Structures are given as C-alpha cells and as structure tokens.
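Novice: Now for the letters of each chain:
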Amino acid sequence: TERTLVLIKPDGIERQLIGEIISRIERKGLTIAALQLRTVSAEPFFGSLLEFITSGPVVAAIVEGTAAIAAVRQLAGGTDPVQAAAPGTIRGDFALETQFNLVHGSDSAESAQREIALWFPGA
Amino acid sequence: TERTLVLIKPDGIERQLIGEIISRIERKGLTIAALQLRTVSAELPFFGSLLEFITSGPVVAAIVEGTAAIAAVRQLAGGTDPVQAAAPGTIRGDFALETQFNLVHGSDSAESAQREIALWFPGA
Amino acid sequence: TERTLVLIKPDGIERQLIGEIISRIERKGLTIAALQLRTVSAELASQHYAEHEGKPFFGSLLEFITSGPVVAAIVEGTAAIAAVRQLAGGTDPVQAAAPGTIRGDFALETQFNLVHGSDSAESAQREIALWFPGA
Amino acid sequence: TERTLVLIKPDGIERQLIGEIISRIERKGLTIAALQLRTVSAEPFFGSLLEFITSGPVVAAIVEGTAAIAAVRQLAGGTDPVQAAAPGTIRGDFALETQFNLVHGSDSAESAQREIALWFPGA
Amino acid sequence: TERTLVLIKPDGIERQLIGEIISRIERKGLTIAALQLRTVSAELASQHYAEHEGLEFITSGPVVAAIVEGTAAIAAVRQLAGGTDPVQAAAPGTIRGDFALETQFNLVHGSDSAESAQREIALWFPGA
Amino acid sequence: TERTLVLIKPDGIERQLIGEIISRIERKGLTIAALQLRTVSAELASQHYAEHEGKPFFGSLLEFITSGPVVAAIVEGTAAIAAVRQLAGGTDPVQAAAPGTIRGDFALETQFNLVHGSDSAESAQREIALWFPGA
Numbered sequence: 442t443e444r445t446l447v448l449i450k451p452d453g454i455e456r457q458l459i460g461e462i463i464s465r466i467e468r469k470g471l472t473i474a475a476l477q478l479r480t481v482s483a484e485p486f487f488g489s490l491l492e493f494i495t496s497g498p499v500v501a502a503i504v505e506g507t508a509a510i511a512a513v514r515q516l517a518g519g520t521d522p523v524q525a526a527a528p529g530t531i532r533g534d535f536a537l538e539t540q541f542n543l544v545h546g547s548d549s550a551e552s553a554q555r556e557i558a559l560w561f562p563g564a
Numbered sequence: 246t247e248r249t250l251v252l253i254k255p256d257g258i259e260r261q262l263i264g265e266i267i268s269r270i271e272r273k274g275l276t277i278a279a280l281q282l283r284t285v286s287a288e289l290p291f292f293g294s295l296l297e298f299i300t301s302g303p304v305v306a307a308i309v310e311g312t313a314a315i316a317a318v319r320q321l322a323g324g325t326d327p328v329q330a331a332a333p334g335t336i337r338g339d340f341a342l343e344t345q346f347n348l349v350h351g352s353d354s355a356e357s358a359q360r361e362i363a364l365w366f367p368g369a
Numbered sequence: 004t005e006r007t008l009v010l011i012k013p014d015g016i017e018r019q020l021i022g023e024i025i026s027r028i029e030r031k032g033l034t035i036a037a038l039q040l041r042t043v044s045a046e047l048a049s050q051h052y053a054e055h056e057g058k059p060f061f062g063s064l065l066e067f068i069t070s071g072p073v074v075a076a077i078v079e080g081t082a083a084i085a086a087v088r089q090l091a092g093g094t095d096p097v098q099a100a101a102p103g104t105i106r107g108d109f110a111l112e113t114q115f116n117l118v119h120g121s122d123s124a125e126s127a128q129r130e131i132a133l134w135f136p137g138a
Numbered sequence: 442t443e444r445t446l447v448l449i450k451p452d453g454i455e456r457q458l459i460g461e462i463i464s465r466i467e468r469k470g471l472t473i474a475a476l477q478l479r480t481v482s483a484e485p486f487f488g489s490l491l492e493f494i495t496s497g498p499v500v501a502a503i504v505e506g507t508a509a510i511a512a513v514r515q516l517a518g519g520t521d522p523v524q525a526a527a528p529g530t531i532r533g534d535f536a537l538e539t540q541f542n543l544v545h546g547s548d549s550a551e552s553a554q555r556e557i558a559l560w561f562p563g564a
Numbered sequence: 195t196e197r198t199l200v201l202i203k204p205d206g207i208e209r210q211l212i213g214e215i216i217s218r219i220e221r222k223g224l225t226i227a228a229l230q231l232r233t234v235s236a237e238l239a240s241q242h243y244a245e246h247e248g249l250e251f252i253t254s255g256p257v258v259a260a261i262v263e264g265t266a267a268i269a270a271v272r273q274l275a276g277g278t279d280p281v282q283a284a285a286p287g288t289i290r291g292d293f294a295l296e297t298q299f300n301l302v303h304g305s306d307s308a309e310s311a312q313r314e315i316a317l318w319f320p321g322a
Numbered sequence: 004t005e006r007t008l009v010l011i012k013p014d015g016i017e018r019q020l021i022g023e024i025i026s027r028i029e030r031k032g033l034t035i036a037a038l039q040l041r042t043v044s045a046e047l048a049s050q051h052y053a054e055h056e057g058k059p060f061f062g063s064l065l066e067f068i069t070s071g072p073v074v075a076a077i078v079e080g081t082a083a084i085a086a087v088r089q090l091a092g093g094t095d096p097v098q099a100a101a102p103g104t105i106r107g108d109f110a111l112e113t114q115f116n117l118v119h120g121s122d123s124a125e126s127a128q129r130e131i132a133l134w135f136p137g138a
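Chains as they are written, first to last, in the numbering used here: chain A, 442 to 564; chain B, 246 to 369; chain C, 4 to 138; chain D, 442 to 564; chain E, 195 to 322; chain F, 4 to 138.
A couple of the hints might just be wrong.
Said to hold, decoys possible - Computed, partial: chain A to chain D, Cβ under 7 Å:
no.	residue
1	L478
2	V481
3	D521
4	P528
5	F535
Unchecked claim - Here chain D is said to cover these stretches of chain F; the calculated rule only asks that three of the stretch's residues, wherever they fall, bring their Cβ under 8 Å from a Cβ of chain D:
no.	segment
6	107-120
7	128-136
No wet-lab data here; the hints were simulated from the structure.
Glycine included, each C-beta is placed from N, C-alpha and C at the ideal position.
Given the sequences, and given the hints that come with them, work out the whole structure.
Specialist: Next up, the structure:
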C-alpha cells in the first residue's frame, strides 16, 4: 500500500543495531522492498543525502505495507529518545539523546516520494 | 486473583505468533489456566457467540488469571487500531498494522470475562 | 509433511514456559495443528507410558505426569518428528541436550526436562491417536 | 555523564529477571559502572537501605551514561505496573501490582547522589 | 581479519527473517561491510552455481547479499548458519537449526573457504 | 546442589553483555548466589592464574584480566558446574564452542571469549575461596 524511506543513521550502524531495527520493522508486518548500506560524504540540506543525517555510513531501506509511513514513525518513536520517545520504540529502547537517535523515517507521503527517489533511483 | 478470556485471532495464528503472544502474557506474571486451538465455522446480533469478537477461522482460546488480569491483558494487547491507537510495546503496537487484523482480543470487563469464559470453556 | 505429538510436561507449565516452547516450534517453520492444556488421568498416563511398564522408573513417571496440568499439541510440517526432537534436545539437559535446544537452554536434570516429542513415525501415530483421537 | 542508582527488588530476583533488567539498561546505551548482589535485613526509612525496598535480597547498580537518571526512570515505568507503567517498560512488561514492581531507580539528581553514596561508599 | 559473502536466500526474505539473520551476525562480533537487497539474474546465478555442471530457485525472488567482516569471519559465518540439512546436520542454535526444515529452503549461505569467499565477493560485490 | 564461579572477563564488560550472560544462566534454572563488578588487583591476577606461572604467556593473562573491570559471580543449582560450562561453550568460540552457547553466539577468538566457569568441583571450591572469601 504505502511506501516510506527509513535510514539507519551512523550511530545505529556503529552500535551493531542494524538487524534489531530491521526485525522490529519486519515483525510489525512491513516488508523490506529495498535495502542498501551506503556511505555519505561531507558536503540548506533539503533534498540531499545529508538532509536527515551527518556524513557517515547509513543503511537506506524502502519499507512497504499498510500505513507504512505512520507505522514506521510509530516504531521509531519521538525525536528525543528520553523526553519524547515512548518505551517499546527503537529510540525509547536503544537511544539517549536526539543527536544519536539511530533512525529516521519519512514524515509524509510527500517526503517519502522524493526521499525514495533520492536514495533508490527508479524505485 | 482474577480471570479473563483471551482469543488469538486467525491472523495471529496465520502469522505464527501463538507462542509470542503467550510469552508476553506469561512474562507479565499471568498464568494460562486453560488453552485450546479451536475452529469456528461461518455462522450466517453476534452477541455471546463464538464470532462476537472474531471472524470465521482458527482461533486459540485461553483463560488467563492473575492479579488485575483483565486490565493487564488489555494493556498488553493495546488499543484497537494498532498504529493510531496501540502504544509501542503492546502486541498490536509491535506486531500489527490495521484494525481488521489486530491479532488478539481480551475481555474488557469482569462481566464480559465471565460470559466469554463459560462460552469457550464450559464448566471452568 | 509429518505430524508429531508434543507434550509440555508439568514442570514446563509450572515454569510458565508455554509461550517460549511454542515460539521455538513456530519459528522453526512448523505449525500447531492442535493445542490443549489438560490434566492427565491415571488411565491416560498408563497408556502413554505403557512401554515402560516393568521398569524401575515407571511409577515415578505416572506420578509426575499426573501431578499437574500439561499442554499437548500436534505439530505439523516437513520432517516435523525429527525437527521436534532436534528442538527439544537429548534426554539429560546438561550431559546430552545440545546448547540452543529447549532442554539445553532451560533445564538441568532429566526428571524435569520440560518437553517430550514423539521419537518416531510409529510413536507419533500411536501418541496422536491417544492424546487427540479425533485429529 | 550522569549516574543513577538502580535496585532490583527481591521480587525481581525471585522471578529471575536480573539479566533481563540489566540487559534493558545496557541496550539503552547505558553502562553498569558498579554492581553487587546484597542482602538487606529488616529494621521514616529515609536515607536507609530499606527506603525503597523491604528486607530481602537486592541487586544494587550504578548506571552511567547520557541522561542516565531520566533514562532509567523511563525504562522502569510508572509505579503501578498496570495502571501507570507503559507497555515496553520493565514494570509494564513484567509486573502486575505496585507491591511487586521489580525495580527502583533514583528519581532525581539529589536522590542519585545520596543513594549512590549509601549503596556504594566512596563512589 | 577476514571477509566473507553472506546470502539471505529468497525463502529468508519471504519469511521476514532479514533482521534476525543480521542480528545474529552482529552479536557474534562481526560487522556488515556491504549490504544490498537485489534480484538475481540468470547470468549471475550461473556464475555463482558454476560448480554444478551435472530452472533455479535463486531467481524466483529477491535476495540480500552482504559482506561480513571480522576475526575468523568465514568460519564464524558457517558456524552461525549451520550444516546444510537444517534438521539432520544443522546444530541447534544456528540459523538453519532454529528456523529451517529442509535443505531446499535453508534460508542462508556463507562462503565455505577463503578461496570461495574471494570468488563470491568478486562476483556479487565487484569493486568491494 | 552445586556452586561454581563465573567470571565475565573485561571484554564481556566492554561489550556490555552482562545482562545477556546473566539471563542465560537464569533461564537455565540456576540462581545467582553472589555477584560483584570489581577491578582485579595484581595479586588477585597472579593468584587466579597461578597454575600458569613460569609459562611465556603468563604475562599476557595478568595484563588482560587487570585491563578493565570484571563481574564475578557464584552460580548455584543442580549440576551447576557442568551446566555453566555447557552454557559458556568450548574455549575457541568458533572452532570449539557450540552454537547456542555464550561463546558460540557472541565471540570470535579465544583471547576474547567473554566468560569463564569453574571446570571441576575442586576448581569451583578453589576459585570461590579466592574471589569470594566470605561465601
């Protein structure tokens, strides 16, 4: 039904949490339509590879399923891992501060459209 | 103590989540007092019937008991809509995407639990 | 595809390991064709363990299996019989059960080794006919 | 950065949840800076070993990391495990009533400083 | 320190076991140096399975290919995957022993030697 | 019925696997009778590894075990000694440790194999008296 772009941020990779994050997406009922470990370099940031991340390794993925956009953001949790993110979310269970909150998901069908076109051309 | 009836809906059985759902119940501190995989045929106001809270298909019925069992099960299960209502950390919040296929049902009150238990587990 | 009978014995119920045990069966790719928590009557216990009559441990097996409720299930799928035995592990949870099995991960001694699975095709048919005559 | 005191109450030890509770602290990004299984006898109760626990075995730990105090309270959940603790917390996932809610974490920076000096002198 | 090729076979994607398989690789202490979900073509499948000279399952659905790196990565991955037959050979606690039932659908593949690791990596991840 | 000494070596502490290791001991049915995170003194190191003195690698053992904190524990229960060795797995995490063990699932090489458990009843008594004098 819906498609959303999810990024596992560099801190998520450095902490060996790639599979744990994918598992929570998969058990939610969502499917991994695209997946790739990427390296993003240095050099406002709207529509670029650095829009939601700092330069470093990142895992991009197209997540597909019913209500995928809203469900991914549900799984991820609020921005601040302690102040806003609910327990049981990726950020609530695994993160401490906003600067290193592990994951990003599209915030709208509008964003998912361009984001997916940016990271997975022709998808 | 306290008793409530749980149903693992057909979508929960199809997705191989029987043990996962029971595990969450047990780790909460609740005990499985009864348990049975059932089949329910299509019956053509659904109150007090086997199809009250489920559609036609296989289902696992279970009596769960323990302190605050009724509210505890409702907490573990989560709100109706697994994305807009169910909190993360719940069965529905963690494993489901749409209301029609939200995996589980738990009695919402003592009188419901009493009625549903006698239906699915006569004599218990 | 095959069918086998799985028993979660009273110690597995007492330890609230029902979900964990069923989870290991499901993730293995096997399906639960029948499932029931029940108490074992003296008659059924003597039927289930008929092969052990005359052996010194026969009496204690009957006592234990009737000491508390069990969970019986029919597990179905490709090579279900051998797959369940693999998941369960060897008899002695420490000296025989490999790590990663139910007994290897959760049990310490033989008389409290949590689960049982039919040991062969003939036993599977015999035990299913006994525990689930309608299946 | 911060440090807080965690107690695993006797009921948490009885239910064999020491590793589970410690596991949830570590996967949050926090570190166990000190740890000890203690026995506490029975003797208001402010500043004493029995302030947040009844007599019985207890596991005391110093938990360290960014926002450690608030993070541990988040992981633990509200007092009543069913009416207050959120799903995905230790109490929301593992406990049923306030009398046996498994775990305690310092509720403030002053409590952490005070509780740490009591359970781990010289720390 | 070694590199090895890991393939999550089409049955592994279908059963939504990508994260579970990668989790076991990571907790073992190994790192994911490359990762990609992709569809396998006839040409590539013939190169990978060129060892069988005497209509392929690898081209039915997508697969996840990955380079896994770390100390004794090659042997460690084989240990994690388990023997070929998930019931008769794979040890409990392995990917196959815990999640699979028959050789036809044993979920995952890992390079069986240093030589095959280099040939498989050069085939699936040229330029890596 | 038995007690054994369990060490989470500095690499197990560095990798934040304390809870994972304790969980595997607990779910096996074993109990934690003693538990403490501590730093190993020079004296304690030479005492724990005294059986390796004179060997060339004796210096590397002392340096590693004092390179960072450890968690020491007394694990108790039926067959606790053999059960802990079962959970930990063989020495080499890849070539000897079985899948499903602590070393088989989390470690790659011998010098960083995370945990140690007493290998016999004599060793258990000797190691407990050294690490937990009052126990």
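Novice: Hint compliance check: list the failing hint numbers for this structure, sorted ascending.
Specialist: Numbers 1, 2, 3, 6, 7 - these are the hints that the structure violates, sorted from lowest upward.
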